[PDB]
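Heads up, the chain below is alone and in the form deposited in one PDB entry; it's given as structure tokens.
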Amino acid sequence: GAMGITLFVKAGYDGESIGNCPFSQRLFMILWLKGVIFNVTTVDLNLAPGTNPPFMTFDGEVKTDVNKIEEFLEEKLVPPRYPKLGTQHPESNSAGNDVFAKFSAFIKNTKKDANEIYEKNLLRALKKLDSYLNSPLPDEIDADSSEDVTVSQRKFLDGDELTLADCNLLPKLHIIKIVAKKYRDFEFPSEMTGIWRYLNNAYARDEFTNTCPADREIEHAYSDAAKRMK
């Protein structure tokens, strides 16, 4: 029978390479971090007609919905052969969960008179995430620091290891960073040092950097943001 895992992802514009999709990147990262053998098939145009292309076969069985695939992988790939990637702190699963939605409304808005509201809503969401990244978690200890630790030095959302929460959020933050810069000259504010520490830590991980689609894929996917504000 069909055995193993195949992840089907959106193809880029060349019809063969990885295209823009935060959901595909999320699953790519999970499978990488699991240490499981898998292949990635790009989709270039028993599964329903026109199902949206981030899906997976597991021993031949088709699995849909990015959230359900995550839950299935975390439940089927377990120690000792595969690590658990679930978070230890429940707040890690909700931190910044509105950021991508607010960015989407900001970047898709056409009316200039509404930009201040959408941009401020984005900044408010980012502030909340930055606060979580900079506030030490309760169990956090800096064993090597004689001084008191007021700004968290942990690498990622939940601690020093990448978890499912990072696989969800990091692809979205990567899109925001590329698109908002290209089309709005908008950047994560310099005072949000938690977001910037987090991104610097993440871009130093092969599992994040080498699952990012090319910048031009992401910029092309959002090419409608180059239109004038009416």
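Residue numbers count along the first chain shown, from 1. For clarity, a rigid core is taken as the largest C-alpha set superposing within 1.5 Å between two forms. First, how it differs from the form deposited in another entry.
- Candidate set 75, 113, 139, 148; criterion, C-alpha shift of 2 Å or more between these two forms after rigid-core fit; matching residue, 148.
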The other form holds:
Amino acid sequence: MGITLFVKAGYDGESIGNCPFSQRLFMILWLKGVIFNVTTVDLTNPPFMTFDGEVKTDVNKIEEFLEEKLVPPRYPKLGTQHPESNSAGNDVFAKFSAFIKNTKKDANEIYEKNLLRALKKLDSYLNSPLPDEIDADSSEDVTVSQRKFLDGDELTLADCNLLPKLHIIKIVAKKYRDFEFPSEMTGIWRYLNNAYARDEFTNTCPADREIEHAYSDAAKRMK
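Since the one above is the form deposited in one PDB entry, can you give the form deposited in another entry too?
This part shows the chain on its own.
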């Protein structure tokens, strides 16, 4: 009620800028179905939010606040039902940042292998069925999860945190390191295919040029 989300402005001064925390909060509010306005800021630090005139800062307190204040039946709970969903891929962005901010040719291999290692852990979580996912009477073979998202078939707070980060990695690492999520990471890709088909994810992504511009220091050759 009376909600505005203030997000980082882009390089142009007007567009939605690169910021995985702004996009997370944007996604949370959209997924709640609550009516809210969005305003970009040029320049305390975005993102922040006005909820009934009162200002809220800090992404996590805002997330906590929204989950506590926007409750069923008017608004869905978006908390995860499986704690592991909050840990899956929780190091991926950090390993990407180390990978992408590295300047030494000699260290790209380790950074890339550590990034790929973190991706494979997330890929496996997305191919491993969740508890209560598989019909008890199913056979005892290897079972690949067909669920849509991290925690089930619905987007949850875990997806809102992780997807902005996967998006940045996908765009930036391609642009500046010729790096792509390996096609044999079918779990990650099934997940991305499912997510990009949702307005809440696709339509809150900053333009590619914005994300690329934010990491333009990666264009310099490793030494």
